[PDB]
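The data below hold one chain only, encoded as structure tokens and taken in the form deposited without 5-hydroxymethyl uracil.
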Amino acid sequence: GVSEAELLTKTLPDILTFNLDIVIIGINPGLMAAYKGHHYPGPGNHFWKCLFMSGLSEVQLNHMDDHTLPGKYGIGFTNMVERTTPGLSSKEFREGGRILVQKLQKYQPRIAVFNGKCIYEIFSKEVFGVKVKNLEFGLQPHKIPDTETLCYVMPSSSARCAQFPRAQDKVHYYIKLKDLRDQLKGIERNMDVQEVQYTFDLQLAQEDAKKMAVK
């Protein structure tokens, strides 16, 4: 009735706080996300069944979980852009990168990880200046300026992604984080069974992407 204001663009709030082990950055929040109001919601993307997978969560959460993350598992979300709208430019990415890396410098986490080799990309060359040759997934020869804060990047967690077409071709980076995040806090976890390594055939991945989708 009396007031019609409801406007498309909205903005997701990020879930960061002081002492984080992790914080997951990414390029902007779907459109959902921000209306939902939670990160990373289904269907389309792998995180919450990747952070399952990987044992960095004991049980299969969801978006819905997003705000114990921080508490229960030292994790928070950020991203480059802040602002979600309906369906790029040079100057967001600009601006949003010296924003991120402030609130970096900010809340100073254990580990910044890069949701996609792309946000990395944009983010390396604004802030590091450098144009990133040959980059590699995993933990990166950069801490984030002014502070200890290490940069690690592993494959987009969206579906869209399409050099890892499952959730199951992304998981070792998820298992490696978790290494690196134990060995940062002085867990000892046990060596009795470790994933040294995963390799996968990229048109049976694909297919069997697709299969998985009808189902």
Given for the second form:
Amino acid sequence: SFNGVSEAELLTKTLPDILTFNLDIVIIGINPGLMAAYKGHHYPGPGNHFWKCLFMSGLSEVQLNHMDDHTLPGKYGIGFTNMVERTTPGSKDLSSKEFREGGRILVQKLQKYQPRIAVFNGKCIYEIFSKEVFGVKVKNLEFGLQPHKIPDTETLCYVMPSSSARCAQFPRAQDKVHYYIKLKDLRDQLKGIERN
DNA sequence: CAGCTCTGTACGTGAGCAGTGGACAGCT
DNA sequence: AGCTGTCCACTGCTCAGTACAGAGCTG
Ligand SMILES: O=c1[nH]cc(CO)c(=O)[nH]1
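Starting from the form deposited without 5-hydroxymethyl uracil above, please write out the structure of the form solved in complex with 5-hydroxymethyl uracil.
Below, the chain from earlier opens the complete complex, with every other chain and molecule after it.
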């Protein structure tokens, strides 16, 4: 029990999006974990690498935590949402129909607020997104920038290893910070390309 | 064959948990 | 000196996607 709160109550709770217009980066998670539904803030996981990586990469220049997520769009130009809204312990608990439904809601949200870069916090969710939205399944899907903008916009697609610490192939935040740094570089290259 | 899809399986860190016990002050 | 309770350092866990092999297919 999370301070008295049963796991049953948490499964029903949802995590509110934090979206505005003219954002640079929208961090797209998979779906709310237990701690996320409890706190009502994005990536509150004590082990989760998201915030540490936001700092080590200098995307935030100050060590923030989940409580500051609502202050991100104004200050740092970063917004939050997920592929699937339903709260589950994580990943494998969701169905294919749920993910693709989420993708529809997601691609819809993306072409509304249209940020500069749609950041997929997880390879898995982009595999589903790419196949559904772009009708394309590539043998060797790689991290980083993707060949397709979300339809009818100029929003780019950028994929990173999931900030979850369950990922054994990237054991530490140091092992993931590289993709955040190139995300920051991508952002800067886009701001400059526009300012020209 | 060879390719394609889907399922299951295995894998490293480090934060936080309960349990354990050593240090130690306040007693009698 | 012996007793004893609290405190706390430290223990030994557990647990928060991805790559890939192979099986069941199809071409
Ligand atoms: O990739 C991720 N990691 C963690 C979460 C939530 O805790 C999420 O939604 N997506």
